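Take a look at this single chain, the form deposited without this ligand, given in structure tokens.
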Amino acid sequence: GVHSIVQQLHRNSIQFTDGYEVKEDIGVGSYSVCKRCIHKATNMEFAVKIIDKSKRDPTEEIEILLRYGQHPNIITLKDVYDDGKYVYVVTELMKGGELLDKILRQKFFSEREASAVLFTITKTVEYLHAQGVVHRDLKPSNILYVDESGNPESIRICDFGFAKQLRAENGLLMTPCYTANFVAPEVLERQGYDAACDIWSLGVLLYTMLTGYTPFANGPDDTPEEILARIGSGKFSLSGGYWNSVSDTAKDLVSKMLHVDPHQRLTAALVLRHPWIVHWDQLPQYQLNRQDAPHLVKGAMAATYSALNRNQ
């Protein structure tokens, strides 16, 4: 019967609208609304996610953000409130846009930049996995730039809304290195899987960065059945106008990250040992030959994640 500090936030005298001005929307959905806010005292602007407690309980999310937001490349919690009905999660606002989009509108993007981007993202996931966290919605739209600098220090992984802290009996938080509290080889494989999905979702990103098309969809018109069908077929082009020019190192990494069998799919650990990541210095800085269709890709990408999330 442990005290949770998060549960007690309705005890606060001060309210959100006492400290912050609200502005426009930026991300409406079933459970929550994301709005831009201005902090009255500082005139500093933030993102505030306004969640409905009747529709879900955002505690698991907030506890992850508290523990792991200090990570440079993880969205950072900045305030939080409870008025009874609504939880107000305040975080740094991502002014830089979605990372993939921005990158696809850069026509002189190179492999060398691609490796730096993946290194920063995969480093961050190696850390999360290592504390028995899995993201489980690591689609491109959830990886954003905090500013327009285009540094890898700008990269932020966002929306921890379906993420899972490997718990266990007695309601007790665990690592993947310690579960001497023998947990079912059932829900080691749940988390053992959901790690490798996070990695698959990173393979999709790398595929698209390199070529300017997603590997399992051409556009948003593509049907669920035919996207799932291609995912299942477990083959993909690493050949042709877009790929011809890309180094075999990169293609190799892509194959093992999107590898159809979860058990032979690379880890974040192993991704970071691949020479594409490790020997970045010997990669090319000259431009990639990519499709220039960012808005198509965004549709294709949404179509892909909507087929995967359909049954849930």
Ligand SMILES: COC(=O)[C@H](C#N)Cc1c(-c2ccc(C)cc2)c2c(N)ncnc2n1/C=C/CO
Contents of the next structure:
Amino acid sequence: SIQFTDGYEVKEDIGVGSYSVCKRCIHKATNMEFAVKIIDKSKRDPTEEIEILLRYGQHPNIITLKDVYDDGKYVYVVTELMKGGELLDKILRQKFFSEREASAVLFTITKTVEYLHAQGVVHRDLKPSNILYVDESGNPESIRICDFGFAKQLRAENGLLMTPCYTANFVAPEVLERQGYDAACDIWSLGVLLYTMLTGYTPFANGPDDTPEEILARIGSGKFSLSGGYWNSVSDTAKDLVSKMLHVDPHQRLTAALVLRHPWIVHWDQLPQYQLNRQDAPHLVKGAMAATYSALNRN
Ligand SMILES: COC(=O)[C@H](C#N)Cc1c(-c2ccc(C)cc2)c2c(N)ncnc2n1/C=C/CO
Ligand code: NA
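The form deposited without this ligand done, now the form deposited with this ligand bound:
The next block holds the full complex; its first chain is the one shown before.
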């Protein structure tokens, strides 16, 4: 219980919201760069996020916590600094991206998500922007899931950590259905990620101009294109896999466990390594993407 200001030189902002901003920083002793989230304690209480991180950030593809401090008015959460930028944006700006590679990416991310769910953690805010590359190798290994700001571990009424496996202590009904629901959404978000990966556009929004009601009507219809233009080129394997991840019925949505058993994921070796024929508009997608979650998240 001593100091952060002491250990680190603070540099520029890298992200900013009402509850917290992230700044890049330097470990003075060693000269190594790191990110630090600064949470306002009177605005938000970050303890669940942090435990989730302490417990699980040892995962190769979960962001790794390196320090923490309680100034008094503020928390300081120090992690590895992600140097390879956001996942999807780098993927989109890649003219020669392939199915084979998208499969490696989704595999890595889903494996990570299958593990969180098995531990009773649902992420709840699984947008593409919360998924960064640690460096620029463009290797799946360098993928990190990074914002657990909205993540929730299944807890017992008494306040005791629980897993799906251990149902043998009783707990609330509408809550297991809630956690089952919330995991279904996580998979759904990976569905839109996959969708966007293969064709260069999002399934439910064309740009940041799409109104929320317009985007919610689309999501609600259950239907989306898996044909024409950019879809022509994609194997039916993958399209099948997408149809099931975005399945409008949350009870029918593939689990992460079942995503990993799909042949698109399993027979990655049979996947085409030649290029996907994708639309080329990264920034338009960023807009659409933001529009889709803004509409979803206005509560
Ligand atoms: C309120 O802001 C956020 O929550 C950010 C996100 N996502 C934090 C963030 C981090 C980061 C993530 C978690 C923790 C505990 C600390 C910092 C981070 C990092 N370790 N490297 C590069 N960019 C990072 N960003 C910025 C991404 C947006 O441009
Ligand atoms: Na980690």
